[PDB]
Each structure stands twice: as C-alpha cells, then as structure tokens.
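We begin with a single chain expressed as structure tokens, specifically the form deposited without the partner chain.
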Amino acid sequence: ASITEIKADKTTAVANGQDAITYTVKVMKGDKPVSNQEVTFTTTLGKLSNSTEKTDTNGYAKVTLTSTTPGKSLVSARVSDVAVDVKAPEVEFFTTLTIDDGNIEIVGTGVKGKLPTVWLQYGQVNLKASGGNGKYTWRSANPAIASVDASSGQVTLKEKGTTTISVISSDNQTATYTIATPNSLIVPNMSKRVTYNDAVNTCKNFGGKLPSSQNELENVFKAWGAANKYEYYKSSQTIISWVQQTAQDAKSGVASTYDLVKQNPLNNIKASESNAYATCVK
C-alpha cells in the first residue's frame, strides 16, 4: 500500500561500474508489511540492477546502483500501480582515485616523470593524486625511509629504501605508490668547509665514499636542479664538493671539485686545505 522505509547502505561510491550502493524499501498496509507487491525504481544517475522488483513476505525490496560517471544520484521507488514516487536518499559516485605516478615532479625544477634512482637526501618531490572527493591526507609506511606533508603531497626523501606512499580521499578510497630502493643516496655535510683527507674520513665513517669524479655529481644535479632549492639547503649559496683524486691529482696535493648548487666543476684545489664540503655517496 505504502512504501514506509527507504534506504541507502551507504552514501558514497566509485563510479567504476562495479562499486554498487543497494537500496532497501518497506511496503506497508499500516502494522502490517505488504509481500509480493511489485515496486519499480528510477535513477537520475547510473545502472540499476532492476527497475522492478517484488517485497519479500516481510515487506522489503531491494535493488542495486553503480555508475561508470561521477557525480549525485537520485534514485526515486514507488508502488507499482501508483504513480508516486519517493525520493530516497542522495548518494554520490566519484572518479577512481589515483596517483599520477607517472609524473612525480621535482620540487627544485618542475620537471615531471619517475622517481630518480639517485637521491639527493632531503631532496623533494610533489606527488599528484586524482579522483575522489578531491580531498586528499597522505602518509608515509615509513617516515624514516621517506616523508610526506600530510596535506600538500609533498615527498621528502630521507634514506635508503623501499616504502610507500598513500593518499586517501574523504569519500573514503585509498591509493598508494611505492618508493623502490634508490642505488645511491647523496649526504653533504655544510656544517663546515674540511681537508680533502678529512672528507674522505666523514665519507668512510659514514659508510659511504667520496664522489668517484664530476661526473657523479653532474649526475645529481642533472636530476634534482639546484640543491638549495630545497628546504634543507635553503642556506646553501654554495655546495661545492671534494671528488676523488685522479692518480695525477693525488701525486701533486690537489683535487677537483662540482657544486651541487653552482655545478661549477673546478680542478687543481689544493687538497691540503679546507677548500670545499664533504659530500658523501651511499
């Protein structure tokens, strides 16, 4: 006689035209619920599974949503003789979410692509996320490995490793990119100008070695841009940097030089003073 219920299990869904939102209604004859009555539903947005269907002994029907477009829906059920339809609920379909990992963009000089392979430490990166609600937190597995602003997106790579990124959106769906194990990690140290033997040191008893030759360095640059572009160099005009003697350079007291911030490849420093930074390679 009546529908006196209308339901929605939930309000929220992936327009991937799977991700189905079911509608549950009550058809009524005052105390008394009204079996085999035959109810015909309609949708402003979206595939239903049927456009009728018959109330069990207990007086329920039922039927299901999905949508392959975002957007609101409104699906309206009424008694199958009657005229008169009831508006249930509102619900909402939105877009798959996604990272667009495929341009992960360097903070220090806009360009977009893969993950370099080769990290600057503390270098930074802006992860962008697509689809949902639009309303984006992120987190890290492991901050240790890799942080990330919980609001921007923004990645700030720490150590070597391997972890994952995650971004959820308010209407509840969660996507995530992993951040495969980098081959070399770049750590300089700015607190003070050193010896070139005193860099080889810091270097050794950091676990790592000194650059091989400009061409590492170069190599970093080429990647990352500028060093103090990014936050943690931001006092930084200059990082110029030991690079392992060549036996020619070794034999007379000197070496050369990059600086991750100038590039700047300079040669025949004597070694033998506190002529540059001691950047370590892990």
The other form holds:
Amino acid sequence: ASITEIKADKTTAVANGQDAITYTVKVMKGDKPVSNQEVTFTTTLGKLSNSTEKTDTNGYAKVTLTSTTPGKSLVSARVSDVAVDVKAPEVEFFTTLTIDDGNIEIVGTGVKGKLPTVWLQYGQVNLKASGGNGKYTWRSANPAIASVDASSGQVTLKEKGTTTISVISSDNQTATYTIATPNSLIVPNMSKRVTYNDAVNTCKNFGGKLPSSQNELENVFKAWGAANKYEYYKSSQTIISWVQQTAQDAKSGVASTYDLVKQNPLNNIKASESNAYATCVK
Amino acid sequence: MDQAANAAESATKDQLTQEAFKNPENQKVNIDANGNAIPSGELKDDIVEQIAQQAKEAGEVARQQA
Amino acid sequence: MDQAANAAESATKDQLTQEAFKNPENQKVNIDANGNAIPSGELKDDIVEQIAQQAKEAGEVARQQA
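For the form solved in complex with the partner chain instead of the form deposited without the partner chain, what are the coordinates?
Below, the chain from earlier opens the complete complex, with every other chain and molecule after it.
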C-alpha cells in the first residue's frame, strides 16, 4: 500500500487536445510489487484518460493527459484505500507553434502581408512566430536564396529561388514557412553612373532585361519603399534608374527614369550621358 | 557665289533653333549627382536632325539661285 | 506657340531674299521714259515663289515642334 515511483514520459506538450503526456506510477509493499491495486489520478489542467487505474502484476499503472488550453498541469496520483497522495512532476502545455505567413512585415514600409512576388534584392522582411513558449530561434534551408537572423526572424532576400525558413521554440516545437521563388528579382547594379547603352549592355550581360516602363519600377517602390532603408543600400541617397526607351525616345535620343529612393519619375533624359543607374530585373 | 549656301541655311537653323527652346518638350535633361534633373542646352536628336535638314535645304535654294 | 510659324519662316525668307540680290540675274528691270533700263527692287517671280516656299515650309517645321 504505497506509491514509490511517479514518472512522466515528458514535460512539454502541445495544447492541441491530442499531444499526450504519460504518467507512470509504481505501487509497492516493501520489495513485493502490488497488483490490481487501484490508483486514482487528478490533474489541475487538462483531461486524464481515466481517473482510476489498476496496477499490472509489476505494480505499474499508466495514465495519460492532454489539454486544449496551455498552462501548467499539476497531476497527482493516490492509492484508492489510502488518504495521502503523491504529486507528479509539474508539466507544461503550449499552443501549436506557427510562422504567420500573413503577417510578414516589410522593414522599409512597415506594411504586413503575404511575401512580395517582386523582390528588391537585399530587401528585408520580418517573419512573425505565434505560439510555443515565446522564445524563438530561426533558420533558413539555404542562406544563399534567403537568409534569416537567428534570433529575430528578420529575413533578407538574396537569390531568385525557393527555400523554406523554419523556427523552433524552446518548448521544442517546430514551424516552417516556404519562400516561393519570386516572379522577378530587382537588382540595381550600384557600381557607377552609366548610360542607356552601357545599361542594356549591363542587364543583357550578367543576364536579364532592363526594366520595362516606369510602372514596373514604381511598383517595386510600392512594396519596399525607399530602397535605402535596407542595410545594403543604407548609403545611396539616390537610385535614379534607366527605364526602357519607347519608340520615340529612341529617335529623341532620350529615356525615362524612376528612382528607387526618391521615386522622382523623370523624362527626356540624355540617353548618352552617364545619367542613371543599371538596375536589372529577373 | 557660295556664301548663300550658308547664309540662307545658317539664318534658318538658328531661327528654328531659337524657337525650339521656347518649348521644354524638345529639350534634353541631365542628372546632377543628387540624382535630380537639370537643364542641358542640347535639344532632342530628332529635333536637331529636323532643323539641320530644313536648313541645308534652305541653304540649297541659296546656291541654286546664285 | 504660333509665333515660330513666322519666326522660322520670316528669318528664312529675308535671308534667302538678301542673297538673291547679290546676283543681277534674279532681278527684274524697268524702262525710264528715255527707254533706258533701270533697277527695280523686285525679284523674278519664279524666285519670289521659290523663296516664299522654302519659307512657309521652314516656318512649318516651326509650329510642328511647338
């Protein structure tokens, strides 16, 4: 007539009503293990599989616990025919951990939403985790395409491609967000000022076309805002960029330009003089 | 003798050139370091072209009458 | 706006007109009572015509660019 062992298979679990913690008690009478001794359990949080159980021939009696709400569940077993009980070790339940793919904040602007399909290479967003126990550490499955700050979940987009970032909580849960390959990756060759020719010369070269209309570039801005807010461009007060040369622009020997910082859309610019920058798309 | 081949042409070019600047459209623009627009006397090529045409053509009716 | 349609034209006409008189050929002549020749500022029609053409044509490239 005595509980001498009260163990718990684990001390953390998801408050999803399914992740279960198993409690095992052992009832003895000296060296002799007692069997068919009924034991009663009670928790202060969650659902017990049963509230009474009979020990097997080795004096063991298991029971399970689950919870739909987070918190600390303090279980306690007791030998039916006896007065005093025994408290099991404290355990904790945490809500399912997740990375909200909807609340992705764009560092520059501050706007939150799905991850843009148009990346201003070296741009940055903040991934937001929900659940677990609060503490998070992040990781990217390929720092080349996209990297993430270990402890802040700040992601910076790099190469046009697809990878998945994951987050792990201290209560040992895991969540993952997939970064789908973007439709187009905006890359401003910041080397030096340049001309419309050396420009197309630039895109075609490393690969990719020159941006279409001003709109195509204007859009980038309406997604990331002044590109100088992002580390990598924290110094360039201006990113006036070459746009395509319309049928007439050609003749007039001029082009149009959109600024990824000042916006300041302009026209009839010297197509020959080193007036703008080589910003290539895709 | 062979001077009108310039007088007629030259008087015409300039005059057409002067009237071109009275309209920003025809002009070209540059970017100061700050990335801001600036005026650059030069006119659009299809305009310089279009003037330096009606010109040597006006300076042509010059020699032909001399 | 609609002034170059004269400036370009007018500057051209005169210039071509000035170069025309530097050659007697193009000019016309009159007869004083004594039956002798005399100069009469007027130029030959196919010349006035030929100038007042390349002109309104030069004053045309004016408005079109404004």
